[PDB]
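Engineer: What follows is each chain in one-letter form.
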Amino acid sequence: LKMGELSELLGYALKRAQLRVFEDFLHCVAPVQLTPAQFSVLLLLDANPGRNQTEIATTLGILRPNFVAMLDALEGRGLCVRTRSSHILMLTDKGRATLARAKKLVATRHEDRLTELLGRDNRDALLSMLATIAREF
Amino acid sequence: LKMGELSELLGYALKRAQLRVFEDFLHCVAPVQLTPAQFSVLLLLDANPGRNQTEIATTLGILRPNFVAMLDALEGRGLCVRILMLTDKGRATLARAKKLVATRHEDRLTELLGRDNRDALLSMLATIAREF
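Chains as they are written, first to last, in the authors' numbering: chain B, 42 to 126, 132 to 183; chain A, 42 to 123, 134 to 183.
To be clear, the hints were calculated from the coordinates, so they are not data collected in a lab.
Treat the hints loosely; a few may be bogus.
[As the list claims (entries may be wrong)] For each label pair, taking beta carbons as the anchor points, the in silico distance ranges come out as: (1) B:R125 / A:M44: 26 to 32 Å; (2) A:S174 / B:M136: 41 to 47 Å; (3) B:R159 / A:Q94: 33 to 39 Å; (4) B:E96 / A:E96: 41 to 47 Å; (5) B:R147 / A:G117: 31 to 37 Å; (6) A:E46 / B:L60: 19 to 25 Å.
Even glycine gets a Cβ: it sits at the ideal position worked out from N, Cα and C.
Chain B extracted, bound-state conformation:
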């Protein structure tokens, strides 16, 4: 195939890089069936006790309908609950076990292998120029 002027677009490579990383993420954290978003959601609810849904969603760039959909299924699966009695969620013991198991899988097979592929200096380079993009573009 003639890929033409797609090979000249940073937009394109970023999007294919993003997709590949996701597919690997998923394959690694398939013992616990978390998507990268469910992962980031459980991680932020654990690390931030006493903060409403408003703040998790907007921080991960997730839209309010979509976020409410997400939680409902996290709740459905038994990984979070609302405080009792609410708009503050808390994980459950299973939630923390799913999160801990997932940081394990994420760090071991996935992130390290990714890191070796490029080395520290370039991984660190990439984290930088990606962060500059989301913040400043």
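With chain B held as given, fit chain A onto it using these hints.
Structural biologist: Quick look at chain A alone, frame taken from chain B:
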């Protein structure tokens, strides 16, 4: 908020940069109403006269049903017909889009980051999609 490990995971950073790139693209290409996938699909379908549907979708990492849905829209818009053949209007929407992507969006990326830093990014990004 306490982001924790997110701060330095590559998947998270790549999805945030990706999300913002798509948003900006969508804005500048708004006067032709293409997502980056559709733009990519017309570009491919223009630059590859004769090449069959199944060669395009696999190259762009799109499942077969999803692809059919995209084409139905484009064709419904008058941008192509059925192997796939970009129309006149398809050809003019791509030509507008091409300028808009190239003169309102990608150069401001390179401008943001630097002429050496942006090239380096493309190549490292390309290295993950290919090898990882």
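Engineer: Are the hints correct? Go through all of them and say.
Structural biologist: Now the hints, each set against the structure:
Look at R125 (chain B) against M44 (chain A): about 28 Å separates their beta carbons, and that is inside 26 to 32 Å. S174 (chain A) and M136 (chain B) have their C-beta atoms about 44 Å apart, which keeps the hinted 41 to 47 Å range intact. Evaluation of the 33 to 39 Å hint for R159 (chain B) and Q94 (chain A) yields a pass: the beta carbon distance comes to about 34 Å. For the hinted restraint 41 to 47 Å between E96 (chain B) and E96 (chain A), the CB-CB distance of approximately 46 Å keeps it satisfied.
Checking the proposed 31 to 37 Å range against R147 (chain B) and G117 (chain A) shows it is violated: the Cβ atoms sit about 46 Å from each other. Between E46 (chain A) and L60 (chain B) the beta carbon distance is about 22 Å. The supplied range of 19 to 25 Å therefore holds.
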